[PDB]
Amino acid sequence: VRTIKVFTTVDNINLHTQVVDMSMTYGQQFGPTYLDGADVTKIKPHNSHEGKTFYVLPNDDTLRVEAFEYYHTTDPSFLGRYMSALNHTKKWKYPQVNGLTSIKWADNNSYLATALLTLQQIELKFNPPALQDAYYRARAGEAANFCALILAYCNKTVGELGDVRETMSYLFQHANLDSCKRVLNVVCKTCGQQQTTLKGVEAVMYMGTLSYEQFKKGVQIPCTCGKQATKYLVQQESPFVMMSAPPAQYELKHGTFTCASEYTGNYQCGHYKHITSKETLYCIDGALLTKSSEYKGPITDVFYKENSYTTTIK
């Protein structure tokens, strides 16, 4: 009977000593097992494996609590989905484009590229230690762990078309936005005025207009009485705002926004590109970079810097 001593983990922080029989697969001993992002479930232990660290699924209460503390998820499938994705994202390339970490196109990953580029231009902290640690490495240019985590957190597999707005919405749940506040007014010349306060994620995301300025001036929306009402921003407290709308032709003006997402295509097949406002407008398309003084195209999300805004509408 031939054995080696190894370490298992769910987080690569807390290691647990184990002895494995070299005649049985890791599968038969630990369940699904991963070594440096590779599935070794069906592999037998090799001499060169001795002393190494393997990821396993949280199959007991110690591993479940360690996974909950590192990833801030209780979902039992999470670590499986993360390791599956990491096998592919380890093989992506992460070039520096215009001073930001991007992703070279692969596996329909344009939505992840524009999300990563966006996160580098807005003030945001992730609460799960896994996610903040991976985020800092991604900013430095080693984004494989961070992209695999985004996929695992969003219940998306490598190769599946994604939606930037949906992705941001899931990541923002894991971010420190609790103190973000939005107050808005809806005014009907008949029904009167109705105020609404939002907190957290709901305070920094809007679906229906790309224009922050328009939101501040008032946008027309229907009233239940048949009149058109005006909805406007009363007060905003957040480090940014994300304004989203179904894709349509839209002009982006240098110096009026931080960055934006463009989407070409449909629900079967499509492509995101990132537009950022620096000294001029840059289009970051995975590894590709183009500049222009103007830009017009099918924008679906725009991001704006903020701290504290109050209306002067009486």
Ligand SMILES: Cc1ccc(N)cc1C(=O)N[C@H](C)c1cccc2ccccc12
Given for the second form:
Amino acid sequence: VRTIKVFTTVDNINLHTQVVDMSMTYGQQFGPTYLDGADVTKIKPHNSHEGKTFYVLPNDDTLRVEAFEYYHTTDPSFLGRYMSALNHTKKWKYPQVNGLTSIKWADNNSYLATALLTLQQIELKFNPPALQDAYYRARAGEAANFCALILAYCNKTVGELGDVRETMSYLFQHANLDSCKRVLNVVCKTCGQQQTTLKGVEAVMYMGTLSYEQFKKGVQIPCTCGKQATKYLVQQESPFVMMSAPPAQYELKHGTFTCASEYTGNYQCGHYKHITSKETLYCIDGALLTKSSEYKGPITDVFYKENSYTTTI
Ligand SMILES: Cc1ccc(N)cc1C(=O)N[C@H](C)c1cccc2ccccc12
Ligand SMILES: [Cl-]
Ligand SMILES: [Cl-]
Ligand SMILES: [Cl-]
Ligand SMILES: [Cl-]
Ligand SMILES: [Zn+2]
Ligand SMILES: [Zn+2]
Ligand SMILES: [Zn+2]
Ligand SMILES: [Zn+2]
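Please give the other form, namely the form deposited with the named molecule bound, since only the form deposited without the named molecule has been shown so far.
Below, the chain from earlier opens the complete complex, with every other chain and molecule after it.
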């Protein structure tokens, strides 16, 4: 019998020693098996495999429990989707641009770069250790794993056209936003005044206007009586808010927002860039950087800082 020793894992933290038969595929012995994202199920062991760490699909209770604690999912497809993504994201370049980890353009990744740059500028704790560990590593310049996880958690494959607002929404659902509270007042002539409290993701996201200021002064929304009504912000408790609208020409003023998603072209198949407010306005287009003191352009998301706001209306 001819054997090498390897380590199997689902989380790359708990490692299990296996002795593999060199005449048999990884798949015959472990089920689905991956090396740095590369599917090696149907491959047999090379000598240069000796001692290396392979990911396996969980096939005992111990591994299912370790996978849930690391990823916060029991979805049996999750590992395979993560590894197929990583197989591309490990070949992408992650240049530092204006002190932020960006992504050189590849495989329709503009939305993932914009998301990655945004996440480095807002306060967020991820619930799954997999995402928190990879977020820290991405901050420090090694973002391949984090980008692969974003793809797996959003149910997206490499090359697929992605929306930043939807991606941030999915990531926020995997984050601790329980302390986040939003109180709204809706004012209609007929039904009158009704207050609503939102928590978590719905407390930090709004779709309809880019202007946090305009949200405060109220916006015109339909009432279920038939009338238009005024929705306005009463109380906000969150470290940030995210204001989105369909792309439209918008002026961005230095020092009045944290960062913003620029979107150019048709529905779905256009291109994202990222605008960030520093000592001046920086436009990060993957690996490319431009700066200007003023900006007018097609914006769809704006991020703002917050701690505690109460209206005076
Ligand atoms: C990039 C992408 C991937 C997947 C999906 N489903 C949507 C988008 C997308 O186009 N989003 C932008 C920001 C967008 C959003 C809302 C309304 C829009 C109307 C016209 C043009 C763009 C619009
Ligand atoms: Cl493990
Ligand atoms: Cl969970
Ligand atoms: Cl690639
Ligand atoms: Cl979670
Ligand atoms: Zn174990
Ligand atoms: Zn969870
Ligand atoms: Zn690729
Ligand atoms: Zn009414």
